[PDB]
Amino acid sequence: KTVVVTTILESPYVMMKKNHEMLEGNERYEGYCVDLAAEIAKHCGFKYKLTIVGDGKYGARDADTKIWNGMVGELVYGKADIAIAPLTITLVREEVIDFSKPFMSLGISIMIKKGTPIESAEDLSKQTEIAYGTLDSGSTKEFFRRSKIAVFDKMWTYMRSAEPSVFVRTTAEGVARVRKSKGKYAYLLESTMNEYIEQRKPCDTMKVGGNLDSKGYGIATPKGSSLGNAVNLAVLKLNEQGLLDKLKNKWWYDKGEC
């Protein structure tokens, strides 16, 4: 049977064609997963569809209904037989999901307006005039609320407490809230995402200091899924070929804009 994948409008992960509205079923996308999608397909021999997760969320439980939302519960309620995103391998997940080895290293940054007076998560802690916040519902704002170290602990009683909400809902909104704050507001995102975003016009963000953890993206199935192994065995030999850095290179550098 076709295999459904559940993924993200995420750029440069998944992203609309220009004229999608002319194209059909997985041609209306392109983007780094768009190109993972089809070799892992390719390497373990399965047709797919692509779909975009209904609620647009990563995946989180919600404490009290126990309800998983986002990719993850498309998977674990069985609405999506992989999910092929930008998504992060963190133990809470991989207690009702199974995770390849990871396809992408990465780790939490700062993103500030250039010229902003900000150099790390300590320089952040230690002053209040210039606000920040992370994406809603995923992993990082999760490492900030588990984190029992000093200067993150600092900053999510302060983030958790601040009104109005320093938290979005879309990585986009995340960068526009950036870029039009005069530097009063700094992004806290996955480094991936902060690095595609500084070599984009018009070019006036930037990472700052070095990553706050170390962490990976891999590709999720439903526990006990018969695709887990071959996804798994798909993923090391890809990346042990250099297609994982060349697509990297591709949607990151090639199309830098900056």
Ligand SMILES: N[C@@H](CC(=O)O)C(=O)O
The other form holds:
Number of protein chains: 2
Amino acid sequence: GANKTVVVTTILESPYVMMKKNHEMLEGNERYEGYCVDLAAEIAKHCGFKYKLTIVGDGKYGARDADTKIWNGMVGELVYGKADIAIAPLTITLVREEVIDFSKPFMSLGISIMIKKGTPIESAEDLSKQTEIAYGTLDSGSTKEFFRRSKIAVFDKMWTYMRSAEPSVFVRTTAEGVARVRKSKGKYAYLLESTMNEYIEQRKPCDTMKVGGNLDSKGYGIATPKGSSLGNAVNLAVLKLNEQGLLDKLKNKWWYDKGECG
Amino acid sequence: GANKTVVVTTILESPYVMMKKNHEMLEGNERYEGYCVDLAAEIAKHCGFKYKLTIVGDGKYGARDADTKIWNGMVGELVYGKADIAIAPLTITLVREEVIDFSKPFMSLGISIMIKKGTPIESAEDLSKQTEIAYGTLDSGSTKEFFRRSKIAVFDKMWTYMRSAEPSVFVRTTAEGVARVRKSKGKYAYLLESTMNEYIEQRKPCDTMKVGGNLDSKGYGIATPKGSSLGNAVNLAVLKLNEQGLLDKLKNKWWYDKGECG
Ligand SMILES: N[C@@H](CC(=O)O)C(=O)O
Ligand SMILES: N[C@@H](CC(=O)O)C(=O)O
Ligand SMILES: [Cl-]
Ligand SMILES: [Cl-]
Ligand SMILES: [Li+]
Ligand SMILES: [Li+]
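What's the form solved in complex with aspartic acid (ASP) like, now that we've got the form deposited without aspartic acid (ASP)?
Okay, now the whole complex, with that chain kicking things off.
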């Protein structure tokens, strides 16, 4: 029953986990910085464990293949026994809750629209009623699944377009989506979680923005393999850190103190 | 192992649970209406149980006495075996999570400031720096505990004032707090959760408003006695109802379709 170093799976997603510019000079956990790097240190301190940060091998959040039923991404790392905990912007969803355990949420968010500044779109309804401006989502995460499973008219219409659009409107990483918005001269809009959208709006070159309200409301949770004894302590730590204002401090540190757009 | 009617504890708090105007003509669950009445019906349908709504006897959310260590309110009803589930705007907190089980949250909120229109206050900092305008909170809930336990300078200053203020700035129910704001000619401001503040701002006589940002961020959860077998199904139902847009529909029904202030 010896104490064992906890293997943490996480994902390179700004400002949650980022490679320090000089990462090749550094070793181990010191290579990384961000909101989730700081949160991992706090959770570990409050739960009394030592840990090793690892970046998910496939760069994905996690989805299940319809035919093989195999989970990929961080969810897969937990499900198949490769990691002990995921500390990442991992959205709590019904399908995931059935296969992994989640803390109460450490951050709230909703799906939102990113545009290149000046794009004549203000809402999901606006996007759904036109095709000149292409729009899409990240693969292998909760946002794509939201559209695929929606029975709400506007979102069904959006999914109906996205699933058949040529060329593909889907991207492998948030960075790819943002690059496509920036390089498409207003002819691509990107659907992504409000947290990431709000961060990117305050980073140079300051050419994107969030428009409209959020399309839904949900949260990120710290995930553990189903039935793991670590889950109880981690959940209490999230609640304690929230109540002591630490999560709000980290939000301010990594979003608004990081603002470059004045 | 016979199916047993589930006893639901809840609280009279608008627009979550309200007595219908003609309640004396009605019996049982039909006496009540509101967001949590609708949510209870949906949760029960998705979990396959029958239920009886009961209003918490002491009219309280739930706190533990420092000396006797006895829990009151809805929390007490669960802890001492008087109810099987609480379906109410019951805030998920560390101290409660240790004694009862909670679903993932069904609604997000934060502590907020209610003023009578025209009161010269825009922030918690503003309140903390003066005493002409008295301010307080509800007894026996999470908002009072937030201030009592805060180590954040502005909130500690506020608690330092509130705890010794004469006459008392604390109230037994939200309705009492709102009445005091309305009747105090701008000389009382009330600290309460944003959800309730936003509802009341859209009800006649349309003389109150929310000012400033929220002071914190947290959620309401459906609560069960610790270890209850019902908790798993209830949690999945909350997630499913969120994902299918039902919670958003209920929010719109009970807040904005209920708007009387045009
Ligand atoms: N945070 C999301 C990523 C997305 O799909 O927007 C997830 O957990 O899958
Ligand atoms: N909803 C809160 C009430 C409050 O204190 O504002 C609770 O659960 O205690
Ligand atoms: Cl948040
Ligand atoms: Cl919400
Ligand atoms: Li939601
Ligand atoms: Li928070």
